[PDB]
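Of the protein chains in this complex, all but one are displayed in their positions.
Letters are used for the chains, namely A, B and C, taken in the order the chains are written, and counting of residues starts over at 1 for each.
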Amino acid sequence: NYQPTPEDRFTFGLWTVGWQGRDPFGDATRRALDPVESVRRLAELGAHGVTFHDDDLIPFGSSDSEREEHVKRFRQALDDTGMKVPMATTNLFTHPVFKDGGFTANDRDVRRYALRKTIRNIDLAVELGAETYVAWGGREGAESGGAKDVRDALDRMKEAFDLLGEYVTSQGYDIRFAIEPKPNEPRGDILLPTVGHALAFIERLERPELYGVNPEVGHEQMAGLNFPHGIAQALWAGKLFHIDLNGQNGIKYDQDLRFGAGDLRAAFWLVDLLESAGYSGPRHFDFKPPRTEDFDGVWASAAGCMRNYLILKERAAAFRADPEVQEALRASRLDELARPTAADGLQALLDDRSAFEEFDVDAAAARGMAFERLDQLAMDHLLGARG
Amino acid sequence: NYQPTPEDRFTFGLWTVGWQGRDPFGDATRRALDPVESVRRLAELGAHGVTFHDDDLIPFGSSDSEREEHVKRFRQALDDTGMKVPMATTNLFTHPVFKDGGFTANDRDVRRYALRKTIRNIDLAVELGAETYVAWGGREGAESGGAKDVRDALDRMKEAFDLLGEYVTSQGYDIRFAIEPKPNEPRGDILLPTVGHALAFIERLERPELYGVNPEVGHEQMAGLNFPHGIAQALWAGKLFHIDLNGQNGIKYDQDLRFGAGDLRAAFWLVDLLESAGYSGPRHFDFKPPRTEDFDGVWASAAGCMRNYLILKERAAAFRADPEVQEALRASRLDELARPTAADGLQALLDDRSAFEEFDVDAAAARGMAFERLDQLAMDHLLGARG
Amino acid sequence: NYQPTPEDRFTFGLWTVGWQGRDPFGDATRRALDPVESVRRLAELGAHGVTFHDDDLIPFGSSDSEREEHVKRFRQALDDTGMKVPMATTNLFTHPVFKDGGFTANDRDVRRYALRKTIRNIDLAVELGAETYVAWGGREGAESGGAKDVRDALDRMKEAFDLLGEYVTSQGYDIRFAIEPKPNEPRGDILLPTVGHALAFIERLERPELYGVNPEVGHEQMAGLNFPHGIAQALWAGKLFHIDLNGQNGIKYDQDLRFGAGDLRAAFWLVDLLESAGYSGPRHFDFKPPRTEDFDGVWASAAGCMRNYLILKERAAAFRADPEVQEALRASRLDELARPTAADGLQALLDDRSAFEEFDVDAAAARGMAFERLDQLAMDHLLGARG
Partner (left out) sequence: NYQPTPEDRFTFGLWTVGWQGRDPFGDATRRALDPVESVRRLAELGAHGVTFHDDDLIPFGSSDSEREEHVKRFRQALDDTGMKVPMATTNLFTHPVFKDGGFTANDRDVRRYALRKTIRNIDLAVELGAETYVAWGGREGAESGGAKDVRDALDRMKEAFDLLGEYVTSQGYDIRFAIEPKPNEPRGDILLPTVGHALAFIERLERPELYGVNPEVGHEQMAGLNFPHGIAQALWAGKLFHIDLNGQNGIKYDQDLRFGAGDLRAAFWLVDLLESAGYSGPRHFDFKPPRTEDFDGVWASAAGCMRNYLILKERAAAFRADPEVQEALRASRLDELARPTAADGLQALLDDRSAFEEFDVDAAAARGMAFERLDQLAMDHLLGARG
């Protein structure tokens, strides 16, 4: 019941089920997984593919011969299981050299190094069949006001992304970029902190068509924002290239709980939106099995991610197909929201006495919106109190 | 000492000092102010100008006869004091007809009425010499997920702003629009909730050059965001058309405290940024004197807004003029942040062996950033524990 | 299906369904309800009783004859419907005289007035059969640091509550007090901001046995706290006298959505706790039907409060009775949490080599807690994915 299949396009980062449980206050509680074991276990649970940072697969500072042997094992595991690699990314945050950032580090030589590290892994991503390259600028930011001139840093960030668009264009690579926003942690404030800031930044790049967003449930909620609303704005702009699914309990540290946990009604409205919009990209889980768990709990947590999506997908479809919800949407005038305000045009609007001179504002004000019934129907469907 | 003059460009909304103290849990504590009296008292305090909603100046429902008397009195008060009207805006949130929004109400007739109400006040704003027209969509949004399809709502919001841009260009008006974001309150979630979301939305308008942002200190802080960082991104995009200054203590209801209150160091870094970037627009206070105050406290609170700006301006200037701070900025490599990462081009960067193959990452990782020394110098300057 | 009955002990404040929709930015959207109509409508929906502020029932400044006629109508409506009045409270926040507080107003004469207003309504509460008297100190606090010496204010707050305990003891009234915490709004910070602060304060009253807490879902969540955890601490201390149920979407203004909305999984764990602890007080909804709604939406919202509680009660009971959840609780050692750590006593613990000298910390560390399976079983039960 609610069994995931590869057609559901569920993907996992190597670093998700691979997380050893080291947090700001504690040591690791689990040993490291071989990426090959991760690929095989995830295939048996019904996953579609896996994603990776360069440093998840290739030990930092590996020689080229040493790099080749690491890829070849991962290689074979993907071949054996039919697992795809739809997305890859760069670790520009763990090594101490990135303590003030990669692309916007104050030191110029670190910025050049970060670009070279990124470009090497783009090559590898394309070889493995990745269609999306994610950038999470986790160290781009500041703890204090004078440490970072944000106008200069945005110049440096634009320069880096423009150079990367140049590289893939010169190589003829069929790959797009997705910026993953986060408001804070591990920096006090991170540049491009929300979906909105990232969307605005993309419009100033030299070729904006190459760049989209990879929003994460928990990151927008870390700013108290409505995640389905932000996803709707990304869809409206044509910029939802990828998505990170997990759970988060409000405004605190980045929890990365399994999808479904955290804010359950936001999860319901998110799945309703993705499915009714026909989003066809990967459903990627950027989550961390809590460090209380042994490895059997790791795979239970990963399976739970996939199961909760499938349950919510079923309830959202039942909600939209219910004839009673039908009528309630018409009663709340959702179909009128979808109609133009003034397709007659500006001149006609200015000459329409019914729009102002003779508009009965008191009668219009008395009309109820009937939102609370509509919402209780949605609650009933989520909880299985109707079908 | 720290006395404002009209040259400082301090402006205030009629609705700020005119707030009667009604909050969700309590009735008014102050009598209503005559707009003419506000203009005169504000001029006596050293203000540069005043701003208004249509309904602050002209009582809602006023006959075309009564509307003319109200503007005449106000124009006369402006002339007698000198005082300017740099910006105006529409009240699309108080009357019950707007309970589901103005531009994005589900009911089409409400949406047409909201546009007609706005266009009438654009005409009045231009006659009074306003250069900026502000839109705060306080009722655009939702409490529940099914009540608003956000993709349709963004279509309607774009339709509204495109029509307004058509109107002003057809009349030859030399006015620009500024969107004022806010994440929530009075709606559970408000559309375009942060500076970034509004900046992104503007790029999809038909004539994006006509539109910028009017960010408010407290509104970005209601999402836990760094207001100076968000202002920097607006400046970087060429979109800071106007600014609302006030105070806010973190993530809670919108407090609208006087400027300087709330987060004091963020106010310092904001004034440093505005003054160093050469922002030339109004320094506008969107604040509410607390309802504990009588009219003497109203005027004391308004004077405090201006005074705190002027103190912070002095300390930020002293900070940037200090040779020891200039040293510390070079020690933290802020000057290198301003340097192109790779003006030598993509190919040169790829061939530069010093950027990767022979980059000593451990030596680079060992470099201290000297940020804490720089920040304590900024502390000392703010507190006047050095000159 | 999921039909409320008076035995479920659901209660509503007159001010909940009576809320006219006036918020900080908008006028009322609904006319006022006669308390008699409220009592009759709520009885037909299956409610158990109603609660009131003095000012909900008796217009402020009513004469004694005028007071008598208002009570007599309410009176008869309760008699006709069998509705109970289990709780009442005082409005010490709406009138401008309370702008700096009631019990902790700086002005001594206002503090005496607040006590006299409270004592009059205690008499009325007892006449109507109330067993709990709630105090929400909504104006007790400050916007600025110097306005309120909190040690002096806590002295004044203790003095007020001690005097009230004296009054009911002298009159022989069978009634208890419950303090309703809230962290902020309408004051910048409110004294006793959380359940914990209120519990601590009660221990310094002259007769602590007379005082408990009335926690509200949304208020604890306004501080980002775990509401079920706080309710557990109140139960542990023997202090849960009353509870306010509603919904809240994280850290923002006090939304007072209908119960079930906001944080749905917290609602599930709250009902699980209340039912398994055998809480026998009223299930009181302190909520506000959104101002988008007409009166038919008001009653739909109120019915939804009751329905969601009953659905969650069913899912929580099914969760606890599931033999698979059974085993999972034993697998996660919840029964071991309920056993003493050292019932053998201090001397035996100090002499137990297995507790330290010979404890195998590495073997103990390797044990998984199996929390993620347990939690996915709970998710499955909430969503009706198992029975």
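We adopt the following convention: a contact is a pair of C-beta atoms (placed from the backbone, for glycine too) under 8 Å apart; a residue touches a chain by one contact, two chains touch by 3 or more.
Remark: the omitted chain is touched by one listed residue; of C:195, C:302 or C:385 this is C:195. Touch with the chain that is not drawn comes from one residue among C:124, C:163 or C:317, which is C:163. The omitted chain makes contact with just one of the residues C:72, C:207 or C:367: C:367.
The residue touching the chain not shown here, chosen from A:49, A:228, A:290 or A:384, is A:290. Interface with the hidden chain, as seen from chain C, comprises residues 61, 95-97, 99-100, 103-104, 106-113, 115-117, 119-120, 142-156, 159-160, 163, 166-167, 170, 183-184, 189, 191-201, 203-204, 222-226, 228-230, 232-233, 235-237, 251, 265-266, 268-269, 272, 277, 329, 332-334, 336-342, 346, 349-350, 352, 354-356, 359, 361-362, 364-365, 367, 369, 371-372, 374-375, 378.
Summarising the interface, chain B meets the missing chain with residues 1-2, 29, 221, 224, 250-252, 258, 260-261, 263-265, 289-290, 292-297, 300-301, 303-304, 307-308, 311, 315, 365-373, 375-376, 379, 382-385.
Touching the omitted chain from chain A are residues 21-29, 93-96, 98-100, 138-139, 143-144, 147, 183-186, 188-189, 222, 249, 251-255, 257, 261, 290-292.
Note that in this section only the chains that are shown with their structure count from here on.
Distance from the chain A centre to the chain B centre is 30 Å, each centre being the mean of its Cα atoms.
Residues of chain C found to touch two or more other chains are 29, 251-252, 261, 290, 292.
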